[PDB]
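*Asks:* Chain U is already provided as a structure; the job is to place chains B, D, L, W and E with the ligands on it using the hints.
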Amino acid sequence: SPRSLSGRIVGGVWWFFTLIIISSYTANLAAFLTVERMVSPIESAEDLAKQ
Amino acid sequence: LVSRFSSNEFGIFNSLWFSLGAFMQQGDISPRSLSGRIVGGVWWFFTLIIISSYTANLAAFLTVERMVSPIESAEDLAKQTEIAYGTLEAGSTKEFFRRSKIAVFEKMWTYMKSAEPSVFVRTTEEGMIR
Amino acid sequence: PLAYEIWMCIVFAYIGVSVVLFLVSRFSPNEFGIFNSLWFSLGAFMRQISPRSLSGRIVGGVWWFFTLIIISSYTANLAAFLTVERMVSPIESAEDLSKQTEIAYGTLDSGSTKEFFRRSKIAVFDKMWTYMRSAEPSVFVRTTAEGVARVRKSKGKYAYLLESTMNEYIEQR
Amino acid sequence: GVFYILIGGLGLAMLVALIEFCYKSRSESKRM
Amino acid sequence: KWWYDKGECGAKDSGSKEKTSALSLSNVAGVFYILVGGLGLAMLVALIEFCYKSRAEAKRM
Amino acid sequence: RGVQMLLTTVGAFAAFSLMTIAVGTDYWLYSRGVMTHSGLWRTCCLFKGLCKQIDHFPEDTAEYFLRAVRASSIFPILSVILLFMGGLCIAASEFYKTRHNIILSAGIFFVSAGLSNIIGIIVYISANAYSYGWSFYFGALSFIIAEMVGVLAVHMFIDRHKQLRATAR
Ligand SMILES: O=c1[nH]c2cc(C(F)(F)F)c(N3CCOCC3)cc2n(CP(=O)(O)O)c1=O
Ligand SMILES: O=c1[nH]c2cc(C(F)(F)F)c(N3CCOCC3)cc2n(CP(=O)(O)O)c1=O
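Quick mapping for you: the protein sequence lines, in order, are chains U, B, D, L, W and E.
Its first residue numbered 1, the first sequence is counted upward by one per residue in this note's numbering.
Its first residue numbered 1001, the second sequence is counted upward by one per residue in this note's numbering.
Its first residue numbered 2001, the third sequence is counted upward by one per residue in this note's numbering.
Its first residue numbered 3001, the fourth sequence is counted upward by one per residue in this note's numbering.
Its first residue numbered 4001, the fifth sequence is counted upward by one per residue in this note's numbering.
Its first residue numbered 5001, the sixth sequence is counted upward by one per residue in this note's numbering.
Extracted from the complex, chain U is given alone in its bound form:
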């Protein structure tokens, strides 16, 4: 753990930055796995009319 003013504020800038980045990575991977479990392909003519 550093003890300086400037080193602590560099860590606070970079660290919340990459925290938001990996939060966005988690959210976007969750979004794409939600996309991966979406609606099955066409099985009837009503599905043809629906698209």
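Because the hints were derived from the structure by calculation, they are not lab data.
Facing chain B, a subset of chain E residues (Cβ under 10 angstroms, in silico):
#1 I5108
#2 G5150
#3 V5151
#4 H5155
#5 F5157
Straight-line alpha carbon distances no greater than 20 angstroms define the calculated EDC-like cross-link-like pairs of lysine to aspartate or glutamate that follow:
#6 B:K1107 to W:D4005
#7 W:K4019 to D:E2085
#8 W:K4012 to D:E2085
#9 B:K1107 to B:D1076
#10 D:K2114 to D:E2136
#11 L:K3030 to L:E3020
#12 D:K2157 to D:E2102
#13 W:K4012 to B:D1076
#14 B:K1079 to W:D4005
#15 B:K1107 to B:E1082
#16 W:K4001 to B:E1075
#17 D:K2155 to E:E5063
#18 B:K1094 to B:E1126
#19 D:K2155 to D:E2092
#20 W:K4001 to D:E2171
#21 B:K1094 to B:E1116
#22 W:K4001 to B:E1106
No residue lacks a Cβ here, since even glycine has one placed at the ideal position from N, Cα and C.
*Replies:* Here is chains B, D, L, W and E with the ligands on its own, set in the frame of chain U:
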């Protein structure tokens, strides 16, 4: 129990504070024993899976919160069956839906003619109550 | 979520990275010890001391990024399970009845269905007739609605065979 | 694939640690 | 008409009804069980190691 | 000294009494086909006033094992018998404390009985799938009092061990 049975986790506050540090992800005073480390490894992955499930379940419910808007057309009425719908029991509206040619409105009139119980009301205020 | 077998590969890689950490930390002539290295690897796997050997720290960092990817994908796939909730059917085709033996299936006790399954020549339907002829207990039902109530009181353990039009009618009631 | 990149980084760091320990042992045997 | 329109099932139309169940304890019950098993295993391991240390201290004196 | 031992004794007595009240009645509440109370043995409805043993376990194999564990509430009964044994050991160690190690084994058995009672509470909560009975909260309070009594017991044990180590030197 175990930390005072074999230190820095000798107190009840140090034990509860390391238990809190094990309950959250981050942490303070690192134990050095075999049994204390395996108690931490059991409890800590346990609550890690719990808060991961909390994150996933809150994400699921916020996904549910941003889902499909409510009914805006008669095609939305045909697309669902949960929220019921009806007209007045007597009038030209029932003659319009009865003599309709569109199959969507024909299915609407078939459902309102075969509903259990009856969706028709006698007055306008009866429909407001319904 | 995410796995049925890959967790054992995660544990085996955990043991391997612990062996590598003990090989780096305890061969340089403070962070030594096989159980200390194992517990530091445990602290690397979940979130919450650090070695100063400047070569096994690369191993700890790549294992630490590795398990960060693990828990990110775990949160993502568990949210994927909790989002859609798409229940699927265990039985799809007619060969699924011959493929398993836990969930039983039957026909009516008398009729042309029994004449069809009795006088069959296909070995799949011959095995079906052999299973339904030596079934314990008696899978044959009295009437049609009795078979419907037997399926409704089976909780996913017993099926009934009949014509398609009647089944599609009962499905729409 | 993440197993593959983990094993790659693991083997790379292991060979780097081995060659730096060999060079440190050779320098200690030559000097001391 | 006499199968889908006359019938009382609106199947394959609705889909998801948002599934408004929070979380069952069935997802948590085996996790509690392996927690209790790990705690009891750690208790027994700590007790046998303390008994072995006490026996070694009594034999060494 | 003796005041902490008397506090531990009355805490074990109160925990045993609340465990007895949890075994007795009003452990859970559920609306049948009007509400109805239950005490893990039999259910009583709100006709109104009839009581019968509604703890019928039949109508994967892990579900059958969980139903067998939830049948007749085996784990809290064994936990209460272990708490009774720990209380008898503490009462035997209170008067004429000859051996200086029976209190530690009694406290270890007491903590393990509390852990088994918490496991049985998790089992009794798992088989529930609307309100809850007051004897469940009484059993939770007895679990809290048993945890505090185990803390006080091992604190008195390490105080006696430090006194013996100071007198032996
Ligand atoms: O000629 C007609 N003119 C109508 C005019 C109106 C109004 F909107 F108030 F002007 C209404 N209402 C709408 C609904 O609430 C009650 C009164 C009904 C009418 N009806 C009966 P319909 O047969 O059901 O159309 C006629 O027959
Ligand atoms: O000539 C026959 N025509 C049949 C026509 C039907 C129906 F589908 F209702 F039209 C049925 N059912 C099928 C399932 O629902 C109950 C009645 C049985 C028939 N059977 C008896 P099988 O010999 O067992 O086929 C005949 O003999």
